[PDB]
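Chain by chain, the residues:
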Amino acid sequence: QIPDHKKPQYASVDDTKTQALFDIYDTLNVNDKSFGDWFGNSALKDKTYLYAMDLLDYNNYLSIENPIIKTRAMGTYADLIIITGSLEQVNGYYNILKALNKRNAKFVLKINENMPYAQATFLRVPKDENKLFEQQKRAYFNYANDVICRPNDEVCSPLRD
Amino acid sequence: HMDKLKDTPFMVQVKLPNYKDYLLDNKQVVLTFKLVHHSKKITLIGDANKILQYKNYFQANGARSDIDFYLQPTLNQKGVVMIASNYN
Numbered sequence: 001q002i003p004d005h006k007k008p009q010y011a012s013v014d015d016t017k018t019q020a021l022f023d024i025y026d027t028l029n030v031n032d033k034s035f036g037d038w039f040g041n042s043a044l045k046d047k048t049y050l051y052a053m054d055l056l057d058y059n060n061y062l063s064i065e066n067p068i069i070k071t072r073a074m075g076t077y078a079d080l081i082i083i084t085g086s087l088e089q090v091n092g093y094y095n096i097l098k099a100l101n102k103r104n105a106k107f108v109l110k111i112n113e114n115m116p117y118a119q120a121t122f123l124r125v126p127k128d129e130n131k132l133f134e135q136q137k138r139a140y141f142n143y144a145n146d147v148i149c150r151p152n153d154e155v156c157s158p159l160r161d
Numbered sequence: 001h002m003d004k005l006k007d008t009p010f011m012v013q014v015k016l017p018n019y020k021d022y023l024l025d026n027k028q029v030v031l032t033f034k035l036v037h038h039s040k041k042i043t044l045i046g047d048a049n050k051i052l053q054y055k056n057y058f059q060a061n062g063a064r065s066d067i068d069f070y071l072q073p074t075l076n077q078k079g080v081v082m083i084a085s086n087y088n
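Line by line, the protein sequences give chains C and A.
Read in order, the letters of the first sequence correspond to residues 1 to 161 in this note's numbering.
Read in order, the letters of the second sequence correspond to residues 1 to 88 in this note's numbering.
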């Protein structure tokens, strides 16, 4: 179902044991525990609780669960956020994500008026020191273009100005 | 979302819905996920059809085969009510 180069992947970004997660193709499913507990906190893991709620309509819920959950986890902690799409949409999501982001991310809005839905790109880098930051960012964008992205893969277009 | 995996570097792209839809339903989507992800007992009350669909989506091809699901079919009721409980 998911081509093998589009599956999310870890990749040793340094001599540190901490590898970095590359989901360039938006294929990390939120319910998937394979890559660790990215989504869902441990502030509820063993808290005793009892809660009752009205479920959203099922089809509606299905089609927004992954984007909304993934955005909320990733976009809270990123240091660089790119929003790609129509002016109407990148604006709408800049206000959503400026609010959400807890790490003073830099925002870049890439306007593409042919994109019927916006696309966010979330980068978080490990750990003068401002020059280091810039070089790290350039290496992640290179590792995604050269290594992970196929030449004509269209999801990758906001990574390669 | 807030985890001890937030020491870890990442680079993730997301294909977003219409931001007006995000605004309208993000808070409730987060509840639902928060509650099924961590819960040990889920109870679903609603139309016999809708609750079976949710029980299966929630079970994730067995990534949540450890949740104890309890279905209660109804009739004159529009919607599905979830009751999630946890315990140590």
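In short, the hints are calculated from the structure, not lab data.
Incorrect hints may appear among the rest.
[To be verified] Once the Cα atoms are required to be at most 27 Å apart in a straight line, the calculated DSS-like pairs of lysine-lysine come out as: (1) A:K40 to C:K131; (2) A:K40 to A:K15; (3) C:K47 to A:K15; (4) C:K7 to A:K78; (5) C:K110 to A:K15; (6) C:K17 to A:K4; (7) C:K127 to A:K27; (8) C:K106 to A:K6.
[To be verified] If you want a taste of the chain A side facing chain C, the calculated C-beta under 8 Å gives, among others: (9) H1; (10) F10; (11) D25; (12) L31; (13) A48; (14) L52; (15) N56; (16) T74; (17) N86.
[As the list claims (entries may be wrong)] Label-pair distances were calculated between CB atoms; the ranges are: (18) A:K15 to C:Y51: 42 to 50 Å; (19) C:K33 to A:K41: 17 to 25 Å; (20) C:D15 to A:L23: 18 to 26 Å; (21) C:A11 to A:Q72: 29 to 37 Å; (22) A:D68 to C:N152: 28 to 36 Å; (23) C:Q19 to A:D21: 42 to 50 Å; (24) A:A48 to C:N142: 49 to 57 Å; (25) C:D153 to A:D47: 37 to 45 Å; (26) A:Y70 to C:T16: 41 to 49 Å; (27) C:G36 to A:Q72: 32 to 40 Å.
Quick reminder that beta carbons are idealized off the backbone N, C-alpha and C, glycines included.
Structure-based check of each hint:
no.	hint	verdict
1	A:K40 to C:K131	violated, 48 Å
2	A:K40 to A:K15	violated, 31 Å
3	C:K47 to A:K15	violated, 33 Å
4	C:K7 to A:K78	violated, 38 Å
5	C:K110 to A:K15	holds, 14 Å
6	C:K17 to A:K4	holds, 16 Å
7	C:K127 to A:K27	violated, 30 Å
8	C:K106 to A:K6	holds, 19 Å
9	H1	holds, 4 Å
10	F10	holds, 4 Å
11	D25	holds, 6 Å
12	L31	holds, 6 Å
13	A48	violated, 13 Å
14	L52	violated, 10 Å
15	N56	violated, 10 Å
16	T74	violated, 13 Å
17	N86	holds, 5 Å
18	A:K15 to C:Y51: 42 to 50 Å	violated, 30 Å
19	C:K33 to A:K41: 17 to 25 Å	holds, 19 Å
20	C:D15 to A:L23: 18 to 26 Å	violated, 43 Å
21	C:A11 to A:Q72: 29 to 37 Å	violated, 46 Å
22	A:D68 to C:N152: 28 to 36 Å	violated, 47 Å
23	C:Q19 to A:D21: 42 to 50 Å	violated, 34 Å
24	A:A48 to C:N142: 49 to 57 Å	holds, 54 Å
25	C:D153 to A:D47: 37 to 45 Å	holds, 41 Å
26	A:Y70 to C:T16: 41 to 49 Å	holds, 45 Å
27	C:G36 to A:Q72: 32 to 40 Å	holds, 35 Å
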